[PDB]
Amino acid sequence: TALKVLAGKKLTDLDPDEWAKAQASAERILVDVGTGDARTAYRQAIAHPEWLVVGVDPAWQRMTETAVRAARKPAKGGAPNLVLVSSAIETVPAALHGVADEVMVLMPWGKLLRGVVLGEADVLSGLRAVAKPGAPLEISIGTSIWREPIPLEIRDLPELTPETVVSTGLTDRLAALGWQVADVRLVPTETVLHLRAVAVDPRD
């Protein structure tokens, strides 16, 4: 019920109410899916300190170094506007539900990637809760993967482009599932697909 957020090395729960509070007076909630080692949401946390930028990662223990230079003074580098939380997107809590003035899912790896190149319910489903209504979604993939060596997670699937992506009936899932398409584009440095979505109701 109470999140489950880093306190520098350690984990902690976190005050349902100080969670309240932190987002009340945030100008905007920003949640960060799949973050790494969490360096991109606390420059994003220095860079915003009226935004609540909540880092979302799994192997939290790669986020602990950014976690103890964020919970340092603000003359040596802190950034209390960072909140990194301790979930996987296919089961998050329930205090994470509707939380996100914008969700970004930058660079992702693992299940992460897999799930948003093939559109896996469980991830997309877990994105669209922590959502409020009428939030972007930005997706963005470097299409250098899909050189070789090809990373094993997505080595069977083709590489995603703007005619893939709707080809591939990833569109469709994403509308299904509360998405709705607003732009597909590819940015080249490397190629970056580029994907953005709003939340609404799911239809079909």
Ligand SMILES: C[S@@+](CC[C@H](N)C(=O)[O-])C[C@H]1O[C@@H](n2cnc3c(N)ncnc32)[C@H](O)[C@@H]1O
Given for the second form:
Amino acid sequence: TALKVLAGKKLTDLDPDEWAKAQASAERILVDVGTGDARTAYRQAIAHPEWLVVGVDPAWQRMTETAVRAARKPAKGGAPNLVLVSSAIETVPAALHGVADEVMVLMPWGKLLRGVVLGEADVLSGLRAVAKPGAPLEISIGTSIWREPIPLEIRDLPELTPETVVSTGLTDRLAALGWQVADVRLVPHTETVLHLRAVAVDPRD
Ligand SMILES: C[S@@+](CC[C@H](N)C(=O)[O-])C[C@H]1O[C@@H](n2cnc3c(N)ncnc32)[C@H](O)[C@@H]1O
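Since we've got the form solved without S-adenosylmethionine (SAM) here, give me the form solved in complex with S-adenosylmethionine (SAM) too.
Below, the chain from earlier opens the complete complex, with every other chain and molecule after it.
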């Protein structure tokens, strides 16, 4: 099955051979999950034209402004190495399986945020399914989302700190789904951000 990608304002099917040729031509494939307006993904594409930068978000309309920009000629802000895909991470199409050298989840919200905080299987499986073995997962959550008014998707959950990553069982759920936690830290810029890094391996018990 072909991927559903933005070309400017319209959803299209990506030729499976063009997708394959694009991956092989790249020095690294970065999959940015929940890319939002995709401006961060576009910046990365522009700074590393040797990377294939794949932004994944179900809310595809929000990405269209960046897509229009990425599709212009090179001299006018074009980024042909940026591929934006309409999909939710938990139902990620087969053509995205095993592609990524690096998976980033930067300031998620909604299902993606609750999923990573709880370690929901469907979200963590989807994230794992897009990674090559050995790829890093890099998650950043701003801890100010836990100050009032707290958003609905994490209202009922205690604030995620290095200590609760452990005591809620989140490193164990990660391990059961093929993610080995390599590092967690809180970085004070000034909003404090929680960073979690894991590496794609075989599932454990
Ligand atoms: C504001 S954005 C973050 C933008 C970007 N990551 C950044 O640099 O700040 C949060 C995104 O996570 C996305 N999201 C929520 N649930 C998701 C899911 N299940 N799969 C993929 N993305 C999802 C939302 O649609 C939203 O666009």
